[PDB]
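What follows is one chain in C-alpha cells, specifically the form deposited without the named molecule.
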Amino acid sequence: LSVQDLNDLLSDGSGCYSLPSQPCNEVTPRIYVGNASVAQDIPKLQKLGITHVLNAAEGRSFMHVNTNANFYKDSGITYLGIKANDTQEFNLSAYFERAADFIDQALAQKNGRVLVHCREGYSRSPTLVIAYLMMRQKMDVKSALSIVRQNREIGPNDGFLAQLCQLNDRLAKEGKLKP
C-alpha cells in the first residue's frame, strides 16, 4: 500500500482528480460531507435532517469556516470544531479519534445525521470520514476511500493520504480490519 495507490483511486485515466459537483453528499448512511456554504445554511441542514455538525476547518482564515457552537444553538444542532489546516504537513491524524467518537455519538441517536465539513469538502472532512470508516467500521483504506469517492468527488492532500496509509498498516497488523 502506497500514497500512489490512493492517488490512482482518486484519479481518472488521464491522471486528473475531479471536483465536487454538489455542495454536499451523503457518502455513507447518515454521514454527509460538504463545503462551507452548506455548513452555514441551517434551513438546508434541517431539510436534510442534519442533527450534528463537525467542522473540520474551524477558524478565521480564508481557508477556514468561522462557526462555533453558538452559531447552531437555536437550531438544536450539536457541534464539534477541529481547527485543521489543509496542508501536507498538518497532523490531522491527531484528531481521528475525537472525530470518530463524535460521528459515533451522532449515529447512536436513532434519527441522528452528521455533516462533516471543511471549506471545500474535498481534503480535510473526507479524510476524517475515511479514518472513521477504518477505525469504527473495519474497512481498509482502499475500500473506505473508494466508497467516499464513489459518492463525492474528493481529493485529500498527499500528507493526509500518507496518514491514512500509516493508520491502515497499524490497524491491519492489530487484526482490526476484518469485517
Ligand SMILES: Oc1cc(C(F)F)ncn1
Second form
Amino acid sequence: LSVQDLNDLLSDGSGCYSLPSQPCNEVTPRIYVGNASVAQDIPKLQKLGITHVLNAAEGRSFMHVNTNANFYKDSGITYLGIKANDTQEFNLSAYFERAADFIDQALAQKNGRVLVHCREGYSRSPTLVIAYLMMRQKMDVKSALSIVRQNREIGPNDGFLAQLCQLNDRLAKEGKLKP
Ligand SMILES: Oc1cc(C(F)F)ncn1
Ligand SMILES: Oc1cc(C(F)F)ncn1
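The structure above corresponds to the form deposited without the named molecule; please give the structure of the form deposited with the named molecule bound next.
First the chain shown before, then all remaining chains and molecules of the complex.
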C-alpha cells in the first residue's frame, strides 16, 4: 500500500483523475457526497431524503461553506460542521473519529441519510467517508476508495491519501479489517 497505489486507483486509463458530473451522489447505501450548492438547497435535500448534513468545510473562505446548525433549524436536519482545509498539510485524520460517529448515528436511524459535503465534494468529504468505511464497516482503504470512486469522481489530495494509508496499517494490525 502506497500513495502511488491510491493515485492509480483514482486515475482513468489515460492517467488522469476525473471530475464530478453531478452535484452529489450516494456513494454507499444512505451516504451521500456532494458540493456547496446541494448543501444550501434544502428542497433538494428533502427530495434526497437527507436527515443529517456533515459540512466537512465549514468556514468563510472561498474554499469553505458558510453554514452552521442554524441554517437548518426549521428543516429537521441534524448538522455537524468541521472546519477542514483542503491542503496536503492539513490534518484531517484528527477529525475521523467524530466524523465516523456522526455518520454511524445517522445510519442507526431507520430512514437516516447523511450528506457529507465540502465545496466541490472532491477531497475532504470523500476522505471522511472512506475513513468511516474503514473504521466502522471494516473495509480496507483500497476497496473503500474503489467503491466511493465507482460512484463519484473524487480526488483526495496526496496528504489525505497518506493519512488513509497510515490509518489502514493501524487497523490492519489491530485485526479490524475483516468483514
Ligand atoms: O452496508 C454497506 C454497503 C456498502 C457498499 F460497499 F456497498 N458500504 C457500506 N455499508
Ligand atoms: O458520477 C458517476 C461516476 C461514475 C464513475 F464510475 F466513473 N459512474 C457513474 N456516475
